[PDB]
Amino acid sequence: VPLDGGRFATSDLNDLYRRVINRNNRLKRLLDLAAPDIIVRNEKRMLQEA
Amino acid sequence: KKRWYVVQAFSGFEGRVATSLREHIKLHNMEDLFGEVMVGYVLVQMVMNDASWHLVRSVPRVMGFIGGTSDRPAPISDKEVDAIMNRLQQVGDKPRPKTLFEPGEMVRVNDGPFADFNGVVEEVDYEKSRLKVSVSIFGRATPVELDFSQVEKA
Amino acid sequence: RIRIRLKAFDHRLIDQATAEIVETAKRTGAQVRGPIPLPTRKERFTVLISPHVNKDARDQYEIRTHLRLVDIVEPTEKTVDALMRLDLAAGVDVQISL
Amino acid sequence: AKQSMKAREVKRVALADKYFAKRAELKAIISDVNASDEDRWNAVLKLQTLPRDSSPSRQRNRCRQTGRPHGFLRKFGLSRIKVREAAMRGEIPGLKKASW
DNA sequence: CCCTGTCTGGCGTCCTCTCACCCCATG
DNA sequence: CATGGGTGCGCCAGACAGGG
Numbered sequence: 253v254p255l256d257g258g259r260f261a262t263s264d265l266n267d268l269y270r271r272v273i274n275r276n277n278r279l280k281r282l283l284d285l286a287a288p289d290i291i292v293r294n295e296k297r298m299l300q301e302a
Numbered sequence: 006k007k008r009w010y011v012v013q014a015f016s017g018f019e020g021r022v023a024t025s026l027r028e029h030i031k032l033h034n035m036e037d038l039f040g041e042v043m044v067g068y069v070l071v072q073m074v075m076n077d078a079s080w081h082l083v084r085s086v087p088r089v090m091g092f093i094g095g096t097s098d099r100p101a102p103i104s105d106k107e108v109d110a111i112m113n114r115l116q117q118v119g120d121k122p123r124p125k126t127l128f129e130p131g132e133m134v135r136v137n138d139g140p141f142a143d144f145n146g147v148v149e150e151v152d153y154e155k156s157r158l159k160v161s162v163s164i165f166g167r168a169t170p171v172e173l174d175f176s177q178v179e180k181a
Numbered sequence: 005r006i007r008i009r010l011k012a013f014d015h016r017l018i019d020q021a022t023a024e025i026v027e028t029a030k031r032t033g034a035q036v037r038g039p040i041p042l043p044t045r046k047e048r049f050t051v052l053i054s055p056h057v058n059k060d061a062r063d064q065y066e067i068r069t070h071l072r073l074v075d076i077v078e079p080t081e082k083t084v085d086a087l088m089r090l091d092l093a094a095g096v097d098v099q100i101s102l
Numbered sequence: 001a002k003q004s005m006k007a008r009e010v011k012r013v014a015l016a017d018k019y020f021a022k023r024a025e026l027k028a029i030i031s032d033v034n035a036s037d038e039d040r041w042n043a044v045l046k047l048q049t050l051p052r053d054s055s056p057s058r059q060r061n062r063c064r065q066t067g068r069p070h071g072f073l074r075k076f077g078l079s080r081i082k083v084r085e086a087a088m089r090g091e092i093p094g095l096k097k098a099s100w
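Residue numbers (the authors' numbering), protein chains in the order written: chain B1, 253 to 302; chain NG, 6 to 44, 67 to 181; chain O, 5 to 102; chain S, 1 to 100.
One should not assume that every hint holds.
As the list claims (entries may be wrong) - Quick list of in silico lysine to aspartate or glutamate cross-link-like pairs, DMTMM-like style, CA-CA up to 25 Å:
id : chain 1 : residue 1 : chain 2 : residue 2
1  : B1      : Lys280    : NG      : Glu107
2  : S       : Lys22     : NG      : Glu150
3  : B1      : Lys296    : NG      : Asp152
4  : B1      : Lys280    : NG      : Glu149
5  : NG      : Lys125    : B1      : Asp284
6  : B1      : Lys296    : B1      : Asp284
7  : S       : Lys18     : NG      : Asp98
8  : S       : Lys22     : NG      : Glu149
9  : NG      : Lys121    : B1      : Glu301
10 : O       : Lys30     : NG      : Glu19
11 : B1      : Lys280    : NG      : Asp98
12 : S       : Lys97     : O       : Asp60
13 : S       : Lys96     : O       : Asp97
14 : S       : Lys75     : NG      : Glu149
15 : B1      : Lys296    : NG      : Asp98
16 : O       : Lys11     : NG      : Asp109
17 : S       : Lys96     : O       : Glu47
18 : S       : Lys97     : O       : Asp14
19 : S       : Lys97     : O       : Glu66
20 : NG      : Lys106    : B1      : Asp289
21 : O       : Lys82     : NG      : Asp109
22 : S       : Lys96     : O       : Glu78
23 : S       : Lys96     : O       : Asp14
24 : NG      : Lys106    : NG      : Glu132
25 : S       : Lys75     : O       : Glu47
26 : S       : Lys96     : O       : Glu66
27 : S       : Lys27     : S       : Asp37
28 : NG      : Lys7      : NG      : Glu107
29 : NG      : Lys155    : O       : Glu78
30 : S       : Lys82     : O       : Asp14
31 : NG      : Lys125    : NG      : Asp77
32 : S       : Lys97     : O       : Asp75
33 : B1      : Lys296    : NG      : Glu19
34 : S       : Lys2      : S       : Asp37
35 : S       : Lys75     : O       : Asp14
36 : NG      : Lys180    : NG      : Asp152
37 : NG      : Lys155    : O       : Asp75
38 : S       : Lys75     : O       : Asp97
Quick caveat, the hints were computed from the structure, so don't treat them as lab data.
Construct the complete structure from the given sequences, taking the supplied hints into account.
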């Protein structure tokens with residue numbers, strides 16, 4: 253829902269879900285591109301922490 | 006011999022990280038310890076001394092290397108690293124020019140109101156460079172002429 | 005330039021069916037090269053009405069298949085946008101000729 | 001007609017789409033201005049290796065509603081007695097009395 | 001293995017009434 | 001325009017080492 257002004261005051265769960273989906277899309281694209289080992293380890297580790 | 010390494014930067018300031026890295030090299034004049042810098068990850072041709080490691084992590088807006096450990100960080104691990112880089116470049120340089128369709132061949136439309144629609148080419152005209160394909164719009168087939176680039180081969 | 009060829013049976017429907025695409029193209033392109041007459045085929049048939057002999061008694065059946073042309077002149081990128089998937093008159097087979 | 005007769009047609013339909021119009025190059029190219037020696041003898045004779053009842057000339061023409069042999073019409077695809085009762089019932093889209 | 005020290009987690013009163021302020025930053 | 005990353009609390013308690 254927005255506030256008086258009009259800027260949408262967004263919830264925290266939307267930040268969390270949007271982070272997980274951004275990272276998951278990045279990880280699918282790197283497994284498409286066949287990135288090396290350390291790149292996809294950091295990518296999966298950032299998804300795990302997300 | 007200089008081997009490759011992966012550097013993590015603040016994603017978005019990557020060109021400025023690359024420029025500041027070249028400038029820190031030409032400041033602390035370890036010119037014989039750095040080969041190139043390739044572009067959120069920055070590829071660095073390098074050797075491993077602890078002095079050069081402190082140099083790259085003292086470059087601003089750089090988090091650190093990505094490897095097995097932080098004592099002795101890791102070069103690279105890919106069967107075809109050159110082919111992976113070629114695939115990344117091919118993503119940006121996508122040709123996508125499939126349009127060749129004979130009679131009875133299905134095609135795809137991605138231009139004009141007929142975009143996002145498929146159909147078959149009942150007649151073809153290489154001389155006029157036009158394909159005769161109809162689109163199933165509201166059921167009835169809508170025989171329309173589309174260019175090879177205007178439609179994609181299905 | 006962009007032709008639209010109409011095909012139907014009900015000639016009392018096709019003049020309104022072409023009018024339904026006239027109004028769909030008038031408010032978008034504002035130049036449509038008329039509802040051209042386009043002569044109609046008269047497929048004639050004859051049938052022995054009896055289930056047997058007396059080949060004198062027959063019945064004649066025909067199907068007037070009416071045609072029209074709309075012929076959108078200019079391909080401004082909003083005319084066809086109001087045409088594709090936005091037509092009507094179930095039973096009137098439509099087709100583009102371009 | 002006969003339920004025996006309508007079964008023979010669909011059996012001869014199955015031969016006309018499996019063998020013929022697909023293995024029709026046996027006469028299309030090889031029984032022409034090509035090698036007119038007795039290898040062209042193998043063109044005409046291997047055509048006999050396929051069954052006799054497989055040709056599209058063999059599939060006579062039969063109605064689809066009742067299967068009457070004679071009085072067929074290609075447009076409606078069914079027999080002349082069946083096109084009229086469906087004309088008066090209002091089934092063929094557009095048949096009225098041709099009184100020109 | 002039997003006791004001893006450390007290291008992290010889990011928790012701490014209820015209703016109300018105003019106020020002020022909510023992501024830069026930038027090629 | 002849109003995305004991308006301090007240093008003043010105190011007790012209980014059980015799990016994890018650490019001797020013992």
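(request) Give me the numbers of the hints this structure contradicts, sorted from smallest to largest. (result) 3, 4, 7, 9, 10, 11, 16, 21, 22, 24, 31, 32, 34
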